[PDB]
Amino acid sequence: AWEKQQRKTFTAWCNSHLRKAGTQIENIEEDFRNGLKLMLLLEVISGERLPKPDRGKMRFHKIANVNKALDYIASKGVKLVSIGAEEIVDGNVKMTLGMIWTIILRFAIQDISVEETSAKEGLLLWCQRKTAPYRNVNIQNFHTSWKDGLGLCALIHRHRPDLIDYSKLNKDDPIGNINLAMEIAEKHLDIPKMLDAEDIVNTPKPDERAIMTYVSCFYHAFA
């Protein structure tokens, strides 16, 4: 179940940044194999230049590009334990998703600092602060706490009470709450839709990496 949610969310997140460099991906299991768009992604989210890409089609060219990306990531303190260029160049689905996660964590989440609390725990504390006035919300994690969509709706309402009538909402229609939050954030906050409501609500514990990714966009949009 987790691969499907991460593929949707991680692909949308990458595309929210790649659009700023004039390109998009479609199929995350194949569209980073040559390293070219992976290098582009890292340039957009960091503001730093990487070495010139190699546009040759043979394998050793792809290895060279992917290493530029992985070595850059490692220069930023990310310990790459189990990911190497070979896996990424070969289209390994698990490792590709794992690599995009460490990028999301390093560049979207790591530097979030809130009341002396950083990264995942800092983002959670931020969510807890912003949803405090809503008694029908209890953020205690990045999975089951978000299943009914009220959390997302409350984050929006807390910053932009003019965009959503929060008082109307309740737990009975969790599909609709998620879709409402996502449509509003897309149309008004420049945050693309990154979750599938149906995947989320009908999984006992939805994928926390996907949820963190999407929630981190709200953090940055409101900062």
The other form holds:
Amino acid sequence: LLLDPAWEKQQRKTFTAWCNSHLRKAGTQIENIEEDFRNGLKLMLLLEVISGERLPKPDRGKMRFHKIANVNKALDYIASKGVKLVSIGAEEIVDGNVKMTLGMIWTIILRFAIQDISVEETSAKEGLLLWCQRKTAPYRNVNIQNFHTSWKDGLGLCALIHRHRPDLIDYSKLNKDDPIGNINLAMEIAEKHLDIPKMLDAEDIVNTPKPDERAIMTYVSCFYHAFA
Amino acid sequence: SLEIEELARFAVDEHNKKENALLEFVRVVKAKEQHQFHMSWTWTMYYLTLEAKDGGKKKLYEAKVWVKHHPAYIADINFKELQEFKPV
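Go ahead and give the structure of the form solved in complex with the partner chain, now that the form deposited without the partner chain is out.
Expanding to the full complex; the earlier chain stays at the top.
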């Protein structure tokens, strides 16, 4: 794959894993993000888990209009949290519009995992980037400039771990020559020790000239919340 | 050695956690190893045939256990994953 489909594969993997990192707390999972939010049930549950708030009763009815009602409850809830929904409609989610479903899940990740970040009076995506730059500043083999190419060799992720948890990782053993191995190391440590499920495909990140920045921001936001 | 036995015990404990089971490890019957060496990562895939008691009844199981080592990982000896656990 290249360009839009390559980024779609990355968003599908990472956004599915992020949703599952929350849904596990409610005793469930999704598998296929193009299918498993169409009825609105696990979308409403995801919003309850990440917000700690109660949404209206889900409708388990099998008809398209029941599912549109559920997705509208989800979208009404998201709008109530100050989110301006552009080019998102309940019918298109229920009808399995993959790009709109991914866009909706991104809007949820941004609102509930990134927007309220505040670092040195810098908010949201820019605050998260500033945090990453501050934490990795002394690691000369890291240069965080963005949420895409700066993360491809795995050293930024490994440096975030070393910076906070030097009991887990000997950063001195790492270099840029094994980007796939480095990403896998960060993900294996974070899954076992930081309760952050693996959300990237290391081969896909390393082999794409510019990886998907929404997927990378999603995963990096989990390190921010683990270490905050 | 202790290590093949330790991995078979890990397999039974992981199966017990995953399947809400109470299998009691008896012994390793046999082990096959497959090795890979990447730059820093080194991997062994263990194909373990083991005996365990299912309500006191001794039964044979095959467990697939993946053991991954990286020299930068210092919190534990390695990463271990049960991939498969089935009666044979």
